[PDB]
Each structure stands twice: as C-alpha cells, then as structure tokens.
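Student: Below are the chains, spelled out letter by letter.
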Amino acid sequence: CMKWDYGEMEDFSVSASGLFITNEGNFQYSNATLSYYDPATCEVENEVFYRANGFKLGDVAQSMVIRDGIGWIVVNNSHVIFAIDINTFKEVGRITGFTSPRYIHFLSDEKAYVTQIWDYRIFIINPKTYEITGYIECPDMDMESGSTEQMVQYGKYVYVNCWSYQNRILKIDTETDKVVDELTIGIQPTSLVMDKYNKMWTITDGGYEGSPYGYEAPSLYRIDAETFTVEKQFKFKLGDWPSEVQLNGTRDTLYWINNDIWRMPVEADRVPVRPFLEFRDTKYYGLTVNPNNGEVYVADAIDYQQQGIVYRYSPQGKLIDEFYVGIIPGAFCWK
Amino acid sequence: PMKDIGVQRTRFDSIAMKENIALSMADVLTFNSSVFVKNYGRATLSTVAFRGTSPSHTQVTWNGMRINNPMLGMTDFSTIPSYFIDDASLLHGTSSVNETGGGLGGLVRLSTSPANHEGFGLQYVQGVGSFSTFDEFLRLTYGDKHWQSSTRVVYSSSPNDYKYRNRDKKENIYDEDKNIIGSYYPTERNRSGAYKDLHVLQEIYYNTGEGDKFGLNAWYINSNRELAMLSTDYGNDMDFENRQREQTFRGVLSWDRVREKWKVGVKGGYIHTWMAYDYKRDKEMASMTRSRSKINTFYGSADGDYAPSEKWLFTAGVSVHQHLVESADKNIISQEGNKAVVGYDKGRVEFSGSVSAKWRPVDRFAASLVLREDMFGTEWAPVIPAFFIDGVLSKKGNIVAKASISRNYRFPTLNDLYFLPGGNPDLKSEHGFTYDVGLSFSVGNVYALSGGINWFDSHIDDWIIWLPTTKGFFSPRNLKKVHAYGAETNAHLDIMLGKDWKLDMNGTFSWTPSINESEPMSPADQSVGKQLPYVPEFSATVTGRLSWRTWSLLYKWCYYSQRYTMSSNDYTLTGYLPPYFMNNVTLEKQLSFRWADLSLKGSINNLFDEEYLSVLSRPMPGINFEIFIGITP
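Line order of the protein sequences matches chains D and C. Quick note, in the entry's author numbering, the first sequence goes up one by one and the last residue is 366. Under the entry's author numbering, read the second sequence as residues 45 to 327, 331 to 491, 494 to 682, first letter to last.
Keep in mind that the hints are not guaranteed to be accurate.
To be clear about the criterion: a stretch of chain D counts as covered by chain C if any three or more of its residues have a C-beta under 8 angstroms from a C-beta of chain C, and this derived list gives those stretches [unchecked claim]:
| hint | region |
| --- | --- |
| 1 | 60–69 |
| 2 | 120–130 |
| 3 | 200–214 |
| 4 | 267–278 |
| 5 | 330–342 |
Dumping the calculated EDC-like pairs for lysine to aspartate or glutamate here, alpha-carbon to alpha-carbon at most 16 angstroms [as the list claims (entries may be wrong)]:
| hint | chain 1 | residue 1 | chain 2 | residue 2 |
| --- | --- | --- | --- | --- |
| 6 | C | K222 | D | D140 |
| 7 | C | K214 | D | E175 |
| 8 | C | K377 | D | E298 |
| 9 | C | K324 | D | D173 |
| 10 | C | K324 | D | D171 |
| 11 | D | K159 | C | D256 |
| 12 | C | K305 | C | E383 |
| 13 | C | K189 | C | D130 |
| 14 | C | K47 | C | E568 |
| 15 | D | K34 | C | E660 |
| 16 | C | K386 | D | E175 |
| 17 | D | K314 | C | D410 |
| 18 | C | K327 | D | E175 |
| 19 | D | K159 | D | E122 |
| 20 | C | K386 | D | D171 |
With the C-beta cut set under 10 angstroms, the calculated list includes, among others, these residues of chain C facing chain D [unchecked claim]:
| hint | residue |
| --- | --- |
| 21 | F175 |
| 22 | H190 |
| 23 | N343 |
| 24 | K377 |
| 25 | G521 |
| 26 | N632 |
I should point out that these hints are in silico values taken from the structure, not numbers from a laboratory. Ideal Cβ placement from N, Cα and C applies to all residues, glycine included.
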C-alpha cells in the first residue's frame, strides 16, 4: 500500500525575457531544480525541468549558459549537461561522461569547453553532435586536487581560473586546444570575468585556516589581458568569505557579496567605503545583475535545507519584488 | 524488580535476533522496536534515531564499550550481523544514563554471552537467493565445566544489480544528427551497489566454583561495499569506481566477582578502525578522491553494585576511552611543488563516572537517583543527573506507572571540531533537558498478554548542524534549538490456543515530533516551527508469529509517516517521500535427528512488489527472497 510516481508531463510556452535560477539541492538527494522568474509579471515557476520532462534534473546543477535558443545546464554530480529549449524547457539533448562538470564555454557552434573539478583535464565537446570530443591537459595539476572553474575569451585565447587547491590562471590557445601559459596569483581564485577595457577581474578566497596549501586574506585582482600581468590588487580583511565577482551588461560596475553587497567601478583605485545594500540579516549566497536595466537580484539560501528566496532590488536599492525559488540558488542565467 | 526502577528498556526475544542469518542488525531493531532507521539498501548506511532525536544522540554499547567511533559519534548498523549478538537491551531516553552518559536519545546495550552448551556443537548455515546473494555462517563451540569457547564467522556477498523501473531519470532514442526522438523510463540495474562482508568473533570464558567469571572476545570485520550510484547518476559503472573498505577490530576482556548482595566487575577493551574511501574514473584508472583514515581506542571500565538487603541498592561505574585518530582525506600539491596532506590527527580521553541509589520503601512506591560526571578531552561536563520513580498502581494486572527526569550533555565529535577541510573547533556541548512518564500492564500460564505506553518531551539547546559555505565545503554551527516530544507504546501477547498452537505477538507505535524551536535564521525562514527533515511524524511496527509443532511462521510490518526532505515541510514534486509500509515474512520447518538438528527456512522482503522510495534519489529493489539451510546442535 505505497507507490512511486512518474509522469506529470507539463507543457508551456514562456516569455522572451526571463531569468533562470539553478538550484543545487542537497548532495545525493537528487533534488536539484530549475526555476524561471518573469521580471515583467513577478511570477516564478519552480521545478520546471521535472514538470516539463517527468524526471529529476539530477543532483548538483552548478551553472547555465545559453547560446542559440538552447540552454545548457551543468549538473555536477550527475556527470551530465542537459541542453533544453529556452521556451518549452523540454530536453533537446545531453552530454554524459563528465568527471564533475562546472561551467561551459562555447567557442563555436561545433566546439565548446567544459571545465571540471577533480580533474586535470578540461573536457572539449561538440555541442552540435552532443558527444565528448577531447581533453585539455592542465600543467601542474593532478586529479586528486585539479580544478578549473570559469572561462573568458580574449581573441584566440581563453583564460580560465584554477580554484580548488590552485593559485593560477591558465591561458589556452583555442587554435590548438592546449595550455600555452599560466599566471600565479592569490591562492584559489574563484571566478574570472572580462570588462569593457580588456581587463580581467578575479577574486580569490584566501584558502582556509589550517590549510597545508595556504591561508590568506582573499583579494580582488585586475590583470591586463594583453600582457597577462597583474595591474591592481585590492586586499580585503582576513576572515571574509566573498563570492564570485560578476559584472553587469555594460561591464563597467563590478558587484560581489562579502558581508554586504558591494559595487565598484572597474577604474577605481580603492574599494568604496559605502556598500550598495546594507546587511539585513539575510544569508547572501548568490548575486546577479540584470544586463538590461541593472536591477540586482540577491539569492539568500536561508538555512540551506529548505527553499531559498531571491530579492529583486532596483538599481537605486528599492525593493521591487521577492520570490521563493529552489534549494540553495547559487547561479543565475539571463534569457 | 530493581535497577529498572522507573527505567524504560526494550528487551528482544531470543528468535527476534536469530531469525535470518544476514538480517543485518538494523533489520532486527526496525521490526521489533519503533525507532527511525534511515536506510536504503541491504548493505546500506542504516542509521537509528530515537524519539524525535538525531542519530548523534543514539550511542551504543558492546560488552560495556563505546562502539560509536569518536571521529563521528554514531554506529553503522549494517556492520553488525544478527547472529553475532546474544544479549541486547535498549535503554530509552533518560533511562540510558544509569549505564553511560552522553546519550540524549538513548542507548543500545549489547553484550555477547557464553551459550553454555557442553561439548562440540559446530553449526553451519548456508543461504542463497535474491540478486545472486550468498550468505554463509559457521559456529564452532567448545564446552566444559570450567572453560568455554566459541568461534563464529559470517561471509556475505552479492552484486546487488536489482531490476528497477527508474522513475527518476529517462533515456532517449535518437536518430540522424542526434535529434532526440524518444524518451522512456529505463528498467535499469543498481549501479555500483555490490558488497562483500566478513565477520569473525572469537570468545573464551572462565568460571570457578566460587563467583569469579572471566571472559574475552575479539571481533574482526572486513567490509568492502560499493557505493550505489544515485538514481540520477548518468555515469558508466565500468567507467567510475566508488569503493568503501572498512577493516576494524573490537575486543573486550571482563572479570566479574559476584556474591549475594555485592556484584562487581571490571572490563578493558580496544577498537581499531581503518576506513578507506576510493572514487576513481577511467582516462588506466586514476584516483579522483582517495583517502585512508584510521582510529584506535583504548578502554577502561569498572562497575559495582552494593545492595544491602532489600529497599536499598547503590551502583557506581566508570568508563574511560582514550581515542587516537589519524585522518587523511586528500593529497594536494603545495605551493612549493612539494606534496602535502589535508588530514589532521588528534585524540582525547572520554571519562564518565556514575553513582546511583535505588530506594523502594514498600512494594508500591520506589525511586532512584543516578548522577554522572563526564569529562571528554580537558573539559568537565556539568553534572548529568537523572531521577526515576515507579509505582504499583494496582497489583491486579501489575499496572505500574513510571516517570523520570534528566539533563543530558553530548560533546561534539573529533570531526565536529578538528576536521581540517571543515572547521569550527570551538563548538558548544549539546544540552538536553528531558522528562518522561508512562504506564505498563500484564496479565497471565496457559495464556498471557502485556503492554504499556509512555510520554516523551525534550528540549535540545544549541545543537550541532553542518552548513555549506560560499567556498564549497561544510562547517558546523550551534544554531538550532529543537523541541522533540513524543510517545511510545508496546504490547506483546501469547495465548496457547491448543495443545501446541503457540501464537507469539508484539507491536509498537510511536508519535515522534521534533519541531524546530530555534532562532528563525532568515526573514524567509519557513522552518521556524516545522518538524525537522527526515523525521517521521508517526511510526508503527507489528510482528506476529505462530507455531504448529516443528513448523513456524512470522510476519513483520512497519509504517513510517511522510519523511520531510525539506526543513520547511512544504510539498515538493522533486523531493516528496511517501509513507513507508514495509511488509516481510519468513517461515521455517525443522526436524530433529540423532545428535543433530536440521532446519530449512525462507524469508521474503518487500512483499507485494511495491516500487517505492525510502531515501530520496536512492532506488529500492523489488520483491526479494532468500532461502537458508541450517545445521545446529
């Protein structure tokens, strides 16, 4: 007198501008979900992947990028990346075989990179054929502590930050698919972005206390893309746990979460004394900026055990809306 | 009827713990008691949780030893076979203290005893079935008027590729240029679920004419279990590799001098666990996460009960464990090009000393006070007291009421503090204020029946709970303050409705809420006054059986209410766990020979072929069977 449930195959055509929210869920709980928020109606729909496909998304969705009307969702602990239609949410394809996929960066319609953690290789795939095509061997990296995270492209080169137990940025030549250069910076850079001045901002987390690798004050770095040299370093206070640095549509104001939500012009010579949003007893975990109107969405995971909520604030800091999403939102994707 | 003054403990029947050879040990608790057991597979991570209580407050005792390895304060119950236990009580709540402290939920009190069989009684049981599952057990015993010995050994192996219609993940039918055509729920096999387990226990015992008993038992286990790919794991089983080895030993020596009023005993033991975890992939293999962590522990214990006549009884006891850990989780390349490790290595003493006074003025009224002092590491825990009362309401039907109040403390574990990838070594001890009250009932030899109920209520102060950070790893924090009351009921009857028509029955039912009562964490905290996740509101379990001469049959059933996979307890399509109704049944026929006793039995699990879920994302097998053949003296 008990059963399992399958089905609930819903179908719906959704708006043009929207915001996707990936929900990590709990490790080995396969409760990761995808949410979709409509800024024009202030209505959010949760678990859209399961409702549209009839089966669970997987276990640890990490991030999402959209290329040509198709959204690629990386599911870290499911060894797969799902390609879905950005309008119906129905699965259009998938690529399995990944060690622990992190982020995906497209080079062309037939070539894309997928960074990984717990691997010294960056998986190369062919989005058009939905299969794994190659590997990028990272120097001075083993499987036990290998780590590649975000990627940004600069001409024929691609820069990638090495986060977990690493302290470098790699320079990859996309014409040969091999690592051709590296740069050592603070310990564990968490993210990598490119601004309108061909500058690269990255923020390190300073490791952790008692680490055999290192423990330091995390920092924000400005590195010239052309010369691949560090030009600016803004150190914060030891003990801080900032998030990955992110930029807005015009790429001239960088935002991040430290203990508050900060914002800074990329040309400034010091970190501002005033924050964008004063702390308000909310567990800031995720952050993003609307590339078209500048509205800032802050994702608070709450206790990491129940559905999280996202606050939508205007560029001036006016509360515009708030809505419950999934469990532990940590990444966003604008449509 | 003393030392159980106001004490609530569940005693297990002789054949309740020797029903089937493998049967784990969680499968005995989960069908003759009414506590919660987080469990998915056979060779699974079966954890026991008491009334609204975390498993971290359910600590166990084997022959007086603490088996919960202090690297993480609990005991895995799939690592204990049903046939490797002779005596097993289960002290509930506030009654756990007068044997050892630190048990906020309560204690499982285990001990092996000499079977007291004279001669050579080799006993072999062999069992097959289900998904290529094979189990073997053998016991060689030696009996003597003064010496005694017994050697037991269990080996069980299975691939666990059970067929499941996977309603959790779909598979596609493609065409030219990888345009998706079809999608179906596959009928897959449990990937990387195999297991190979071996146990061996050697015990000897000494007895002289006057009351001087000696005893010694050593226990080796070698476990090699494959971590099942979770249901949404889109990875090849032959590509990936997820292995858990655990080689551990537990040994105990005992000396007991008992005479009339005064009974005294001392014990000394040692455990040593070595846990190896491996997670690898193919490029010709290579390790993704490869770790080895070993802890060894020395024991010292002394208990004594001086009971001057009746109406006064006094117990005293001491248990000191010195632990010695060696953790090592990853090998990293340090900045200097060298090779370094992230594991820590620590160790601390764990002393608990207790004194109790049982006083019964008359047969009706009786009370008792137990008082414990605990000291783990370098810190003296504040006195952990408890007080029991029992009373004979009416001699007709023995209706007896008991009640007891206490204040327990639990120290954080060595992973709770010194975990180097994690952190926060300044954690506060968990505080629990608890108090119970209940009643019991019995009526009698050509017929018999008994039962009782109780009442649970506990406030837990700042208690440990691990939280993710923005850095990708967990750290603990004493944030929540839970409020877990409840109630438990039991009833066992047996009326011989004929010359030989024995009908043995018992059943239990528990209402166990564990509502959160902490600081609302965020302005959107929906879990402020909701029950904690994975804590079933209602639980129940009935086991009944009957005998017709050499033929016997028992049926077991249990129900757990909806297990909330979310702290807020709201409904969610992706994370819904339905109520859990497991039904299983076993039957045996034996037939005695000259100097031997042959038996054949068959057991089923998951009758009705219900396709269900007990832990989120972890599949469960269909209907399964095992058939056993046994020779006994």
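Student: Looking at the structure, which of the earlier hints fail to hold?
Tutor: Of the numbered hints given earlier, those the structure breaks are 3, 7, 8, 10, 11, 12, 13, 14, 17, 21, 22, 23, listed in rising order.
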